[PDB]
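Asks: This is what each chain is made of:
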Amino acid sequence: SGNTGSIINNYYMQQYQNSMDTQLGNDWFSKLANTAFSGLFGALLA
Amino acid sequence: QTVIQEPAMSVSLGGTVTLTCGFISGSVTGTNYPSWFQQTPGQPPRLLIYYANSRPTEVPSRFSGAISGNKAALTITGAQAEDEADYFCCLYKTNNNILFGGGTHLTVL
Amino acid sequence: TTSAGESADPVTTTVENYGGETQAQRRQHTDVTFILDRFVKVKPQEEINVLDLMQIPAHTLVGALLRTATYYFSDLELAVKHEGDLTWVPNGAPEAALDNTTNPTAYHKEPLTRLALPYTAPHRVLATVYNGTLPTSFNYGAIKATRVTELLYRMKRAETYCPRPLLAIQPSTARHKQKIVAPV
Amino acid sequence: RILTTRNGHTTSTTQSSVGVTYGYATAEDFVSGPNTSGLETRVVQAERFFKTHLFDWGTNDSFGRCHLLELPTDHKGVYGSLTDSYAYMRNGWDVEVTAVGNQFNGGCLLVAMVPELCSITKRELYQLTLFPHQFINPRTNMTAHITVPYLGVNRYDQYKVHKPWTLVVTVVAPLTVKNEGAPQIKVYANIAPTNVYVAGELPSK
Amino acid sequence: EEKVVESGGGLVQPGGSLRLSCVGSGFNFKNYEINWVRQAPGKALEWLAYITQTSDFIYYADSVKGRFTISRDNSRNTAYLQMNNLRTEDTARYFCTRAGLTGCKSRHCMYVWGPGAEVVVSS
Amino acid sequence: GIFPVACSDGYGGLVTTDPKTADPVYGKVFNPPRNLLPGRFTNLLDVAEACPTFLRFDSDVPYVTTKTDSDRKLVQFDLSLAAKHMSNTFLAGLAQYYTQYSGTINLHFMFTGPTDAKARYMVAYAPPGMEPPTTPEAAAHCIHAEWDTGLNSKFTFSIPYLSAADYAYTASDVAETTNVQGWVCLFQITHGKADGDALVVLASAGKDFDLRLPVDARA
Numbered sequence: 015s016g017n018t019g020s021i022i023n024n025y026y027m028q029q030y031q032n033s034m035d036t037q038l039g065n066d067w068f069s070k071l072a073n074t075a076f077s078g079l080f081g082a083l084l085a
Numbered sequence: 001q002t003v004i005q006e007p008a009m010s011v012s013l014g015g016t017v018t019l020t021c022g023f024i025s026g027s028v029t030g031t032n033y034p035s036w037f038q039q040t041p042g043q044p045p046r047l048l049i050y051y052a053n054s055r056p057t058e059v060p061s062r063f064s065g066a067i068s069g070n071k072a073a074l075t076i077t078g079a080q081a082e083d084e085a086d087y088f089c090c091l092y093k094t095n096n097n098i099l100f101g102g103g104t105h106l107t108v109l
Numbered sequence: 001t002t003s004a005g006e007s008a009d010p011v012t013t014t015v016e017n018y019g020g021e022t023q024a025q026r027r028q029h030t031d032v033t034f035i036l037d038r039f040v041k042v043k044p045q046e047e048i049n050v051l052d053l054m055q056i057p058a059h060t061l062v063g064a065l066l067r068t069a070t071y072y073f074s075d076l077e078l079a080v081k082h083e084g085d086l087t088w089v090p091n092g093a094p095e096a097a098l099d100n101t102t103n104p105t106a107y108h109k110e111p112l113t114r115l116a117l118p119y120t121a122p123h124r125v126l127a128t129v130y131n132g158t159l160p161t162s163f164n165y166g167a168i169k170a171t172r173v174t175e176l177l178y179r180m181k182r183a184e185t186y187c188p189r190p191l192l193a194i195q196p197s198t199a200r201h202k203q204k205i206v207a208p209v
Numbered sequence: 013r014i015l016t017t018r019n020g021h022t023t024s025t026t027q028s029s030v031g032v033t034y035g036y037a038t039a040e041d042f043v044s045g046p047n048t049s050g051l052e053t054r055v056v057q058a059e060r061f062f063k064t065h066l067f068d069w070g071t072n073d074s075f076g077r078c079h080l081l082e083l084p085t086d087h088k089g090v091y092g093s094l095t096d097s098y099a100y101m102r103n104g105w106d107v108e109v110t111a112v113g114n115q116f117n118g119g120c121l122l123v124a125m126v127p128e129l130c131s132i133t134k135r136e137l138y139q140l141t142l143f144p145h146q147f148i149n150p151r152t153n154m155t156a157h158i159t160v161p162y163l164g165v166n167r168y169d170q171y172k173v174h175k176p177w178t179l180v181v182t183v184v185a186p187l188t189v190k191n192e193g194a195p196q197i198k199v200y201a202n203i204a205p206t207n208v209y210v211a212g213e214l215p216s217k
Numbered sequence: 001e002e003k004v005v006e007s008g009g010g011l012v013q014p015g016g017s018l019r020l021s022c023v024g025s026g027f028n029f030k031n032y033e034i035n036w037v038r039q040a041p042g043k044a045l046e047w048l049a050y051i052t053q054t055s056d057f058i059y060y061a062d063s064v065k066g067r068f069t070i071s072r073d074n075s076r077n078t079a080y081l082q083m084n085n086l087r088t089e090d091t092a093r094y095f096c097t098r099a100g101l102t103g104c105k106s107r108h109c110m111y112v113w114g115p116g117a118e119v120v121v122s123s
Numbered sequence: 001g002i003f004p005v006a007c008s009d010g011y012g013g014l015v016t017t018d019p020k021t022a023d024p025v026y027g028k029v030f031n032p033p034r035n036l037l038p039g040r041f042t043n044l045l046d047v048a049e050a051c052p053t054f055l056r057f058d059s060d061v062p063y064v065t066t067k068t069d070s071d072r073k074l075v076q077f078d079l080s081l082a083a084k085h086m087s088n089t090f091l092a093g094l095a096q097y098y099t100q101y102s103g104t105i106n107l108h109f110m111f112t113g114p115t116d117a118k119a120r121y122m123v124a125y126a127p128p129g130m131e132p133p134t135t136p137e138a139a140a141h142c143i144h145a146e147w148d149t150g151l152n153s154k155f156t157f158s159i160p161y162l163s164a165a166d167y168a169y170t171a172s173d174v175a176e177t178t179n180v181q182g183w184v185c186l187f188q189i190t191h192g193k194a195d196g197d198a199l200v201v202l203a204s205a206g207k208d209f210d211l212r213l214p215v216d217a218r219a
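Protein chains in written order, with the authors' numbering: chain 4, 15 to 39, 65 to 85; chain L, 1 to 109; chain 1, 1 to 132, 158 to 209; chain 2, 13 to 217; chain H, 1 to 123; chain 3, 1 to 219.
Simulated from the structure, these hints should not be mistaken for lab results. Careful: at least some of the hints might be erroneous.
Think about it this way: if two alpha-carbon atoms lie no more than 25 Å apart in a straight line, the pair counts; the simulated DMTMM-like pairs of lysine to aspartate or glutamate are [stated by the list, open to error]: (1) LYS109 (chain 1) x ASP99 (chain 1); (2) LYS28 (chain 3) x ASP35 (chain 4); (3) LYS3 (chain H) x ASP62 (chain H); (4) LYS28 (chain 3) x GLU16 (chain 1); (5) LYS63 (chain 2) x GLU2 (chain H); (6) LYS3 (chain H) x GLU89 (chain H); (7) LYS43 (chain 1) x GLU95 (chain 1); (8) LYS81 (chain 1) x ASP116 (chain 3); (9) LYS198 (chain 2) x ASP116 (chain 3); (10) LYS172 (chain 2) x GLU213 (chain 2); (11) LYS118 (chain 3) x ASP58 (chain 3); (12) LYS93 (chain L) x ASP23 (chain 3); (13) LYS67 (chain 3) x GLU176 (chain 3); (14) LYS70 (chain 4) x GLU95 (chain 1); (15) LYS20 (chain 3) x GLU16 (chain 1).
Pulled a few chain L residues facing chain H out of the computed Cβ check, cut under 10 Å [said to hold, decoys possible]: (16) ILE4; (17) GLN5; (18) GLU6; (19) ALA8; (20) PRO44; (21) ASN53; (22) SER61; (23) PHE63; (24) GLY65; (25) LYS71; (26) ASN95; (27) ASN97; (28) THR107.
C-beta atoms are modelled at their ideal positions from N, C-alpha and C, and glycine is treated no differently.
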């Protein structure tokens, strides 16, 4: 939730304020960035 | 120009003939992607050899391509009566310069 | 650090390779939901305006960052300057319904009219590019008034999928020079 | 670096693989949605490799020479039969692009899986790596292997009027033959549908 | 059958302009590169112009660079060769060639040839 | 009995980018499921880290070409995100919409020559305060890395963030003739039979790369 900036609960119910999301029966690129290879491959150069 | 072909060659019926295609100064390699076309008068040319050794499915097995002696060579083995025509040589030399040979007129005796 | 390079496996290195120290990251300003949650001006038609998020110009911040997603989902917010009454209609409904005030109609307020419209599309997500000109069902609905003078869009709860190329201005000089604000 | 992939009763073995690049997912999402009413069925006979010829990479091709292939292309097999005999279809792709030249050749190809792509400009090619991709570099490999799931606006789509995916091959660096390299490299593609589901069987012609 | 036909030739005063049209049938015109070559009466073939599938790379021979312009329309399955400032040296039979063949997806194929259109430039 | 309020002056005007939310008009709408859709990304800098993008060099190519001359400087480009060499990267595309940045920038060099085209390269970072190095001998006194070409064809170098201030401007000012963040110089130490071979350069964000202060200044 971006640009909220309010400490008071919304006057209207979430049912009216926003469209409700339905589930059936994740962050792919955060996973890619976190599993990135770092550090040296072999021995040390200098 | 700068492409040398034999002006005319003659082959006996059922014989073997080798048409040749060179540069004035330089060697013809696979990077030139040599192509051999056959043309009869009043008819558009038809492709015989591409990549200097490959031939289309419809082209008969008589025609063969090779790169020998720094020159492109088209060999006709067991030449029939239908092989009397003008054979042309397309060579690639940089993107905007596609060279053609003078054309060798092959006649079957 | 050396690696294969052929594979798309990310290889991110840090300054500790030559004695440095990696610092903290503060990346709340590049969050997708945060950055897209701001009003962007779109060119308004005279009477009927179909609410398509592709109407946002590609050179604006919101338009360009939205076009970085192949698929997107969001609720919509409108800031509309209009004369008369502003009627909104969900998608899939005939344009004649824009003449009926039983549909959500905002009576003339004074400076503008702020509305929070939900996602009414029949698809789970909408697309910025379609390999079928997007299909006519990629809209949030339509609004009508006697004359719409100013129209602003604002994506809420924006979600984005499958990042797409995002191009900057290509300078003809060594680097792009701009007149940066500075005290006189 | 020997890798053998097996789809259906078809196999493909390469001795110069750099691994498999999974794009946007490592698995498949839900296939039993509310839009099919439980009438979807899986066709395992269509999860087989079919071969297509992409292009011929030569010293002529400079940077930006880009070739596109919308994957649900003309298939003369079980998959095409399903396309002609079912209304709604769903599958991912397993793509193996081979550029078999020589280890004495230079240059580089980029093979990418771009969703919802019809055309691409030269500048956008600079960011083509944003998509599931691999590099074919003749000094190290001659095969790029990319797996992507089903991915679209709808859970199922009509493949006659929509192509979700596009296989893109671009020339990052021009081919160099020098003396011992291959004069040209024939770039082919070996593609296998994965997790094929069909719904809404159509009447006969 | 894969074939191409050329049209728009004839007799034209030198210094004029005219546009050859290439119409292809029996194949998907979008997937193939187009070459324009010419043959003078009794002379050898001369390659003039080349255009790719999406008109992104275009090349001309140094003899006809700037004078000629090659383009294509894939929806109409047509290719165009607009010739300007024609000189008497350009009197020849012009061939539109489709570069491409089974096992040949490059520009060095030149498989399909049309009957060619005659252009006579004289005064 | 009414609770009295004071309608303050200067408050309540419509501000773009304001944290408030509008009032609903259409309730009880349920969306189709979006659970486990592939390709989700929530932060643009995650995409910037995960996906390197090509740099641009002379004549619009993503590679530098081996030079046989005495001048071994392959390329020398400003570290600014507004540089022409980075004008076709995803990182610059993001940075154009932000006022400030701070962090490490990763360069990836991939060698695409034949297996018999060995080469040895050096990459150096020249901080501001002096003319950029013209020879690798002079650049050897800067923060630099040297690398061979072999089985591993890609080498990654982290350009560090070295500045007086904690954040640096993503855009360059017209009055600044010399780049305020220094220069990155790529030299070719030596090569074997690698004449005319391509070194492809890509750029991405490091672990500590940050962008701040969003701005809309056309694009």
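Asks: Now look at each hint and say whether the structure bears it out.
Replies: To see whether the hints hold, each was checked on the structure:
{"no.": "1", "hint": "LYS109 (chain 1) x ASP99 (chain 1)", "result": "19 Å, holds"}
{"no.": "2", "hint": "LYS28 (chain 3) x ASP35 (chain 4)", "result": "11 Å, holds"}
{"no.": "3", "hint": "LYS3 (chain H) x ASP62 (chain H)", "result": "28 Å, violated"}
{"no.": "4", "hint": "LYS28 (chain 3) x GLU16 (chain 1)", "result": "53 Å, violated"}
{"no.": "5", "hint": "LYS63 (chain 2) x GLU2 (chain H)", "result": "23 Å, holds"}
{"no.": "6", "hint": "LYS3 (chain H) x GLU89 (chain H)", "result": "28 Å, violated"}
{"no.": "7", "hint": "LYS43 (chain 1) x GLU95 (chain 1)", "result": "20 Å, holds"}
{"no.": "8", "hint": "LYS81 (chain 1) x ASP116 (chain 3)", "result": "69 Å, violated"}
{"no.": "9", "hint": "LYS198 (chain 2) x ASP116 (chain 3)", "result": "22 Å, holds"}
{"no.": "10", "hint": "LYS172 (chain 2) x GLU213 (chain 2)", "result": "14 Å, holds"}
{"no.": "11", "hint": "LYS118 (chain 3) x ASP58 (chain 3)", "result": "23 Å, holds"}
{"no.": "12", "hint": "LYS93 (chain L) x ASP23 (chain 3)", "result": "70 Å, violated"}
{"no.": "13", "hint": "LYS67 (chain 3) x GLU176 (chain 3)", "result": "31 Å, violated"}
{"no.": "14", "hint": "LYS70 (chain 4) x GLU95 (chain 1)", "result": "45 Å, violated"}
{"no.": "15", "hint": "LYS20 (chain 3) x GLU16 (chain 1)", "result": "43 Å, violated"}
{"no.": "16", "hint": "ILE4", "result": "12 Å, violated"}
{"no.": "17", "hint": "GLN5", "result": "9 Å, holds"}
{"no.": "18", "hint": "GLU6", "result": "13 Å, violated"}
{"no.": "19", "hint": "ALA8", "result": "14 Å, violated"}
{"no.": "20", "hint": "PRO44", "result": "4 Å, holds"}
{"no.": "21", "hint": "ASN53", "result": "12 Å, violated"}
{"no.": "22", "hint": "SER61", "result": "16 Å, violated"}
{"no.": "23", "hint": "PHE63", "result": "15 Å, violated"}
{"no.": "24", "hint": "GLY65", "result": "13 Å, violated"}
{"no.": "25", "hint": "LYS71", "result": "18 Å, violated"}
{"no.": "26", "hint": "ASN95", "result": "5 Å, holds"}
{"no.": "27", "hint": "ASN97", "result": "7 Å, holds"}
{"no.": "28", "hint": "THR107", "result": "17 Å, violated"}
Hints 3, 4, 6, 8, 12, 13, 14, 15, 16, 18, 19, 21, 22, 23, 24, 25 and 28 from the list above are not met by this structure, while the remaining hints are.
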